[PDB]
Every structure is written in structure tokens, then in C-alpha cells.
Amino acid sequence: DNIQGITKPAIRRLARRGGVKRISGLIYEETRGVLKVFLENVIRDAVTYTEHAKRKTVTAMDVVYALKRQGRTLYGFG
Amino acid sequence: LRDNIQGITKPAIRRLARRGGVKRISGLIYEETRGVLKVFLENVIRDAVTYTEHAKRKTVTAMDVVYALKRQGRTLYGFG
Amino acid sequence: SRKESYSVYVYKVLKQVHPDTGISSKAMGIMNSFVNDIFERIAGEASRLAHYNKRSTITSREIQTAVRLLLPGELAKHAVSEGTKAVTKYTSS
Amino acid sequence: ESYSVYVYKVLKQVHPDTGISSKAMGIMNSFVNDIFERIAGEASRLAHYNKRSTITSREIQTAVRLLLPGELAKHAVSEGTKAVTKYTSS
Amino acid sequence: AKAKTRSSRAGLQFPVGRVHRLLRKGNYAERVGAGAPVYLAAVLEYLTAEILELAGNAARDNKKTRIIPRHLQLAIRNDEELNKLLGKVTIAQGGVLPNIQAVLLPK
Amino acid sequence: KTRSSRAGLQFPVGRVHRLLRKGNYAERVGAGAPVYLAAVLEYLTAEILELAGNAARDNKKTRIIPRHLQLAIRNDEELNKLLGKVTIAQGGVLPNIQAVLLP
Amino acid sequence: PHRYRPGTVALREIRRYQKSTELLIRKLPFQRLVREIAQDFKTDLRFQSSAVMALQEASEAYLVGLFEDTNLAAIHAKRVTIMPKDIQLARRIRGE
Amino acid sequence: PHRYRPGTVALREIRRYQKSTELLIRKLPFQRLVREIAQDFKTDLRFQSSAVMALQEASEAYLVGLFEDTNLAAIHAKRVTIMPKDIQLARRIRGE
DNA sequence: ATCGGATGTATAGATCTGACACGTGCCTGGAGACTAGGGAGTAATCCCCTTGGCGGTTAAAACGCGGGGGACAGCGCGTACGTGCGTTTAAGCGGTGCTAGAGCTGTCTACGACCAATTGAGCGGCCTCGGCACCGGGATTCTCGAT
DNA sequence: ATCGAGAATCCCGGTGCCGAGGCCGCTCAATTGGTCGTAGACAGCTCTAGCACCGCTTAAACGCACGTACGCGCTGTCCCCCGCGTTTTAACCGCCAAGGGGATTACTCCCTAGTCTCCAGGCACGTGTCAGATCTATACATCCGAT
Numbered sequence: 024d025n026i027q028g029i030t031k032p033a034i035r036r037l038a039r040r041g042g043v044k045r046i047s048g049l050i051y052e053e054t055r056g057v058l059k060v061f062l063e064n065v066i067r068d069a070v071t072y073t074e075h076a077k078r079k080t081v082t083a084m085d086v087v088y089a090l091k092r093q094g095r096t097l098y099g100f101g
Numbered sequence: 022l023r024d025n026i027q028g029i030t031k032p033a034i035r036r037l038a039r040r041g042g043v044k045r046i047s048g049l050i051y052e053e054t055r056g057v058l059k060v061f062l063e064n065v066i067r068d069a070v071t072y073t074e075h076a077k078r079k080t081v082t083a084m085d086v087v088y089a090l091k092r093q094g095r096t097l098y099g100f101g
Numbered sequence: 032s033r034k035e036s037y038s039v040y041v042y043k044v045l046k047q048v049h050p051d052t053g054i055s056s057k058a059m060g061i062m063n064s065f066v067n068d069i070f071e072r073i074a075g076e077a078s079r080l081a082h083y084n085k086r087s088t089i090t091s092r093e094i095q096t097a098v099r100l101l102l103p104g105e106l107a108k109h110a111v112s113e114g115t116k117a118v119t120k121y122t123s124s
Numbered sequence: 035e036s037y038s039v040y041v042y043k044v045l046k047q048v049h050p051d052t053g054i055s056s057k058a059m060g061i062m063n064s065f066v067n068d069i070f071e072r073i074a075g076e077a078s079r080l081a082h083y084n085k086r087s088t089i090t091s092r093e094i095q096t097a098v099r100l101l102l103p104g105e106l107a108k109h110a111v112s113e114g115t116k117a118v119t120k121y122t123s124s
Numbered sequence: 012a013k014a015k016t017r018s019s020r021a022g023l024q025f026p027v028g029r030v031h032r033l034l035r036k037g038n039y040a041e042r043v044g045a046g047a048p049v050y051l052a053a054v055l056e057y058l059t060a061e062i063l064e065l066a067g068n069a070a071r072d073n074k075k076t077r078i079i080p081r082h083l084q085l086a087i088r089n090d091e092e093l094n095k096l097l098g099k100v101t102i103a104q105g106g107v108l109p110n111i112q113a114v115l116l117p118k
Numbered sequence: 015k016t017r018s019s020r021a022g023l024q025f026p027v028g029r030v031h032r033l034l035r036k037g038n039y040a041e042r043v044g045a046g047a048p049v050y051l052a053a054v055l056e057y058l059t060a061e062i063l064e065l066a067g068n069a070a071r072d073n074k075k076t077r078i079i080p081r082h083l084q085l086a087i088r089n090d091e092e093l094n095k096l097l098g099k100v101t102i103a104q105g106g107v108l109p110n111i112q113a114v115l116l117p
Numbered sequence: 038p039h040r041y042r043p044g045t046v047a048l049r050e051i052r053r054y055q056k057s058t059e060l061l062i063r064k065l066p067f068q069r070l071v072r073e074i075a076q077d078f079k080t081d082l083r084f085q086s087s088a089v090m091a092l093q094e095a096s097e098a099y100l101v102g103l104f105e106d107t108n109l110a111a112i113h114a115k116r117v118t119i120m121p122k123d124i125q126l127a128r129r130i131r132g133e
Numbered sequence: 038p039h040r041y042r043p044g045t046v047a048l049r050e051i052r053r054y055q056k057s058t059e060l061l062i063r064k065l066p067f068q069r070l071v072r073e074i075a076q077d078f079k080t081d082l083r084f085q086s087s088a089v090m091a092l093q094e095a096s097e098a099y100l101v102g103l104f105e106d107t108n109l110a111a112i113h114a115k116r117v118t119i120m121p122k123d124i125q126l127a128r129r130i131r132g133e
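Sequence lines, in order, name chains B, F, D, H, C, G, E and A.
At position 7 of the first sequence the residue is numbered 30 (PDB author numbering), and the sequence of numbers has no breaks.
At position 4 of the second sequence the residue is numbered 25 (PDB author numbering), and the sequence of numbers has no breaks.
At position 15 of the third sequence the residue is numbered 46 (PDB author numbering), and the sequence of numbers has no breaks.
At position 62 of the fourth sequence the residue is numbered 96 (PDB author numbering), and the sequence of numbers has no breaks.
At position 9 of the fifth sequence the residue is numbered 20 (PDB author numbering), and the sequence of numbers has no breaks.
At position 13 of the sixth sequence the residue is numbered 27 (PDB author numbering), and the sequence of numbers has no breaks.
At position 65 of the seventh sequence the residue is numbered 102 (PDB author numbering), and the sequence of numbers has no breaks.
At position 78 of the eighth sequence the residue is numbered 115 (PDB author numbering), and the sequence of numbers has no breaks.
You can trust all of the hints, since none of them are fake.
With a straight-line cut-off of 27 Å between C-alpha atoms, the simulated BS3-like cross-links for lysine-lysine are:
(1) F:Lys-91 <-> H:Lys-108
(2) D:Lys-34 <-> F:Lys-91
(3) H:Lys-120 <-> F:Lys-77
If you are wondering where the hints come from, they were derived from the structure by calculation, not from laboratory data.
Sequences and hints are given; from them, build the entire structure.
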């Protein structure tokens, strides 16, 4: 039940960085749902890479490879 | 050749919109569609011609077009 | 020069899936393009998996992980089951 | 193994009086690795497509023309051949 | 010793020797294991059968005994998993899935 | 004696040749391919670093941070095209506001 | 005389052009445009007929997908007609 | 008694978070959410701190880009307030 | 329009401090010389498939004219969402132990590359017919003017 | 909520044809059977970083009020796009002919893998130190309420 940890002010700050001036009340649930779907998709591949390497910890390179897989290449971690 | 982009006539753009499920079409849609089709065609044909030059060929084969499309993420099936 | 294709293999699969259904040449070429695309996708992902773990070979474990990465949802589970069945039957001659 | 010393040497060639942070250095290393793997993969596919088994400067040139955008490619090829022109002579 | 093809030893219809050869001469790794071609041929056979099942069903729905690219396109775009697998793929002579937005329908 | 010095470059020709060999890209690798690829990498690195140093100077700083790299990439028409699907960690985002939201 | 109301004939076209799989763009104008565009990159180019066919198929598929996204944007704007700004928004979100 | 007109402080903090380069989400709730999501795939699974940091960077970048597309769809419909229909349209056009 | 007050950044100036750039030892990965062999450059040849032209049919495109219906502007209501203040909460931070597991090392056995017969599955070319297309004709269905 | 005329589409029937399929001959790539070298499987060790815990501090989240401005529905206007009929026009199909260049083979030579020897370029490792993050005071860009 930690999806509520993504609070309303955090989503407002993300929208502010996105250039959003006004936010409806139902945005905060849709954003949590979208973030949950994105995190599930990334973590599934990260755990797949970890399992294939016969490891019990998710290294940063696993997340980097998983993100590069989905077309979301990330610089700064290897 | 001169202004063959007008060969993509307004009825053809209308038919393409109908297959895409468009009911009513504005008058300015046709020129925008011609421009977008032109840009996409140059983007694909540049890569196809690059593949043709690298093979030291003077003929643009269908497999060159397939490779050019796959390079842009289109991945056409059928031809080759 | 003799060209190779999966036409006979797709045709054999069709005769055990739909015994009285044919397939046109265009559709057969599309199926060949499908098989080539998936072969190259799975093999490239398996090559990346072998490179990441500093391994010099592509085993059935690399192909299994590549299948679990490329294929979505229940398609991946059934493909993994089919591949494991085939490898087990192969190792049992 | 990284490209830290080479990125720093290039930085002193272009900006003699500025430095680079460690995180920006890691991002530069990631950029170099990404571009290297992109060009090398496209060159390998170019070699495979034409039934060749050797990656030459022609494959790298075609891969550069395919990957990089227009004007940014035009200088890059102009650089690459130049290096080969210098490398072959000596 | 009678020659027994690896596909028959694995119960598959796709070739195992051909897939092994393509893996060896595809520049994927320095070495290729014995069970990798078997696994890959099984996976490819499964996917081929999965698409051919729905394509034949679509062909039968149109009172056709042959499969055309339209049937393959209908089969792939109607199945969610296959459509996700081939979402960035164009099929020659496949057309589009018939979908009309509810707003456009008559009042 | 070094091939990089022989070609007038700063990136290592020998290391790029070794990585081309180990990468399973092809059975054989030409002699001029590592030279060409090292030259391309050096040019691209120099372009990134020049624009990032300009951004750092415009921010009155004498050190390049990921924010400067992000500004350099996003403010150039072609570098943004080359790295369209790339996320810079701690790079931030390009400051812009839709004109309709302004009062 | 009999005149159908403006809504219905457009809908019949939608059904007709969604059921079938013909090209909908004439062969010769598209081929001529392809050769015009290719003149910029290399003069005296030979084109294989299968290459022009593949180019036409890919271009029309791209345009149909773009028109689907355009219609989605037009309906999202509480509208029925598609306008250039709809195509522009679709291309902006798609990343072009 | 000094009160700002609605929208002034909202246009502020936009410039602040365009200029700033922080994480915008508390680290511990995100880490707990990551662990809760991952426990569905493999129990007793450990995470490197850098791995969770990379996941966070990717999540914020994706959400920010999604919110820019959502804003574009919102102004497209002659609006300023973003509704979840804008998010749905942006995700559908993006192919997600 | 214009002024004044009150916020919220600019601007300058110290003040630490900890990453950053600079030396050191070394070692392992690059350089230099030399050889074998096969991959690719170069010539020559065949034929196919690409291009150009011409003529006739006619489907499709262009053009012009109603007419209605849909985009767009303008108003008003009301409610949802900002702004801000007070209160609550749990994140951040700083220490500590503790040990699970990630990484490195040293045998050693099995497994994949490699090479020489051996031959059967798969490809190229050839009839061969039946599944689908084309063309009439009728029935049924959808739309829209009307009440 | 119904009736009926006109236009569109679907199905039943007859006819034709050319593309999928079965088949035969013939290769050359898959199979069998051996060896050899080295890749990773596995046991052992280390040490490090991931996890858990606990107290303190305070920044951030949550809740509640209030005003207001923006979303949304309604209504009027006009203009522009759609349907339809009529007149070009060039797409399309069929045929014919010429030739450029795309595949092929044969030959050869030189370019690259491979090995041995040797050295210095770059990577841990350590360390001084100034670029910059933070704090504090003054200055003024901006926004909003009267006037």
C-alpha cells in the first residue's frame, strides 16, 4: 500500500516541472496508476536480468539494461 | 520532374482518411497531408539510397527499402 | 542459386493446425518475414545476454531469458513451456 | 576501462580553462559507449547485408551517414576520412 | 547408423540444424550450445502455430479456405498479445481493423 | 608509435580496435575502421563538450555539470535529434512555458 | 430527386475503405513523386518495382495511422472535422 | 491580508522546477513502492542504492514528459486545467 | 494609467569543505615484426528486368452548384481548485551492528569447435486442377421524405 | 412512432482461369563419428555493501476556509464542406523494343588474424587546495489593491 507514498504535492511538483498550470482532482490517481504500470514494466525486466545472472540483488546495470530495452536510454549509471 | 506532390490528389487523401475512420475533413488537411507524406518519403528514401550506394548499386531494391523502414522502426512485412 | 525459406515448415505447421486450409504466396512470404524477424530479435537479445554476463556461448538459458524478455504475458509462458519440452525430449533422444 | 582521460583531453582542447564533474564524466562515458555501440551495430548489419565479413572504413562511413542527423553527419565523415588520410600516409 | 534429424529427435517441425547454422553464422557469440537451436526452433514453431490458428479461424469466418494477408492482419490485430508483439510492424496488403468511433455514428 | 598519435586523434585507436574485435560485430575488422570510428567519437565528444562549456559559462560556472550537458543537448537542433530517446540523470529539463498560460 | 444527408455517405466510405485492402493512391503519381524525391540524393537512379510497391505500402500505412491519431485528437477537442492543428498535435505527441 | 491572484504562484514554481534539478519525490516512499512492486516477481530480493536511484530518475523523467504531452492535449481542447482524459489521449497517441 | 507597499528573487561577500585536478608505481594491454591463407578486388559474360514509347478504354479526378449542419463566438452559472495558515507526520540524517551475497581464485570435467565421409531433406522446374474472381439477377436492407 | 419509395449491399447461380499443390530429379547441407582444447561449474575465501534499528530535527504533507476564474452547457450565426451531376484527363492495361546493370564465375594478391617480444599509457592510490554550496545582509523586479 505504498503507492500512496507518491503524494499529491509530489505529483503537483512533477506537473510544475512539466509546465502544467492547473491540475484537476482526478489527475493524482491516474498518475499513480501510470507510474505503477511503468514501474512494473521496468522492474519485470530488471528482475529478469537479475535472475538470469544468478544473483539475488538488482544492480543498477540491470535497471540500465531494462530501460535501454524499452527505448528509454538513461545516462549516468553505467 | 515538377510538382508530382500534387499527384497525391484530394480524393486519395480523402480515401486514406476514410480508411483511418475520419468523417469530415477540412480544406487545409490536404496540403498538410502532402507535406507530411513528403517529409516521411524523403526520410525513408534517403536511407534507401544510402543502402543502395553502399552496395555499389545503381538500382534501389525492395530490400533496401525494407532495411530503411526497419531502421526507422517501421518493419514492413511482405516484400523480402 | 538455391534460396532458403521457412515455406515448407510453415506449411507443415498449417497442416497440423488447420488440415484443410491453404495459404497464398503473399501470406507465406509474410509468415517468412515474421519468422525471420522473431529469430533475429531473440538471437540478438540472447547475444546481448551472453555479452552482459561475460559469457562466450549462447545456451538454452540465454534463449529462455530472451523469450521471457521479448514475448509478453501468457505467450512467453507457453513459449517457455514448449521450449523446455523440446529440449527435454532432445536430451532424452 | 573508461574514456575519462580522452574526454578530459578533448575538453582541454576545446575549453582550456574549464573542468568537468565526475557525474558529467560518467554521462560522457555513457554517451561514448552508446554511440560506439550504435555505429558498430549498424556497421555489422551493413556487412551482413552485403555478404561481407569485414568491417571497413566504408561500413563505418555508411553507418555514420545512417545514424547521425544531416549536418552533424557531414562534418563527422569529413573528420573520419581525414583521420584515415593521416593514418594511411604515416 | 541411420541419420535421425535433430527436429525429429526434438519432436519439432522447424529445422534444428538450420537454426543452429544461422546462429553460428549470425555473429551472435563465439560458441553456440546444443540446446539453443532446439529451444529457439520450438519457440518459433509455437509462435507460427499460434498465428496460423487465428489466421485460419479468420479465413473460415470469411468463407475462405485459403489464408490471405488480410486474415493474418485480422488475427494479429484481434489478439491483444500478438498485437503487442507486432505493434511496430506493417503487414503488406493487410488493411486496418474496422473501428468506427462512437461519436461519428448517427445521432 | 601510438596509432592514435599516428592518426592525429586523442581517442584510442587501439582500444576501439580491440572493442570492435571483442564485440562479435564481424568475423574480421579492417585497419582503418577503428581510426574512422575513433575520429567520429572524438568529433561528437568535442561538439558535446563545446556546447556544454558554453552553457557552463552562460551559467557563470567554470565546471561542467549534467545540467549543462542537458542544456547543450536540448538547445541544439541536431544533437537533440540524435539523443531523442536518451535521459540525462540529474540533467533536468529545458525551461519553457506555453504562451497561453502566461497572463 | 434523392439526396443523402451529409453524415451517411461519409460513413459508407469509412466502412467500404476499412473492409478492403487496395492501395487508394494511384501507382503512376506516387512512383513519379518517389523518383522526384530520389533525384535529390542521386541522379539517374533505377528503381525496382517491388521497392516502389514497398514504399507505397509503408507510406499509406503511416498516413492511415496518422489519420487515426488525428481523428482521436479532433474528437478530444470536442469536434468532428479534422484540422491541420489536429495533425500537428498528433505528430508532436508521436515525437516527430 | 496579502493574497496572490490564483495562477500567479502557479506560474511561479514552474520556473523554479524548470530551473532546479532535484528529484521532486521523497526517496523512502519511492523505495518502498519499488520493493513492493518487485516482491511480486521475486521474494527476498535486494536492491542496490544506485539501482533505486536510476529507477527514480527514469520515473520522474517519464512522468514529466507525460505531463508535457498532457498539457499539450489540454491546451489543444481550449483548456488550461488538465483532466485525466488528456493523460489518456497522450498515452494512446504515444502508443502506450 | 498610476502610485505605494509588500512580497520574492538578484546581488555581493565571507566561510568552510570536499570533490577535483595533479603526481607515482606499476602492469597489462597496446606496438612492432613477421608469416599464412582466404576474402575481397578486378575482369569478363549472360540475361533479365528496368525504362522508354504508343495506342485505346474508361475509371477517376476536377469543377461547379445547392444546402444544411457544424465550427465558433458570446454569456452565464456554479463549482472545483488555487492560495494560505495552522497542525501533524514521517522523511532525512547521523550513527551502530550484522551478515548475505558479490566478486575473485584455483581445479577439472564436460562440451562445443573442427574435420572427414555419407546421404537424405529441401529446392528448382513441370503439369494440374479447383478456389476464388467476374458477371447477372433477384431479395433484402438501409436511408430519408413524409405524416 | 410509423409507411413507402429509392438506392446499396448481399447471396445464389453460372462460367472461367491461373496460382497453390503434388511430384520427380538432383544436389549440398545436415548427420555421424571421432579428437582436442578451453569454458565455465563448482568449492573456497574475503570483504563490502545492503539491511535493520534507533533517536533527533524539522521540512514536508494534510486538512480546512474562502474566493474566483475557468470548465461546461446553451444559443445564435454564417460559412464551408459534403453530396451530386457533368465534363476532362490521365491512370491503366496491353504490347513492343533496347540496353544497363545485377548476378554469376575465375583468378590473384594483398590485407588481416595469429604469435612472440617488448614497452609505456593508463588505471589504482594518495593528496593539496580552490570552485562552489550555504549563509547573511542589502537592493530592487513584480504583483496587486486602491485612486
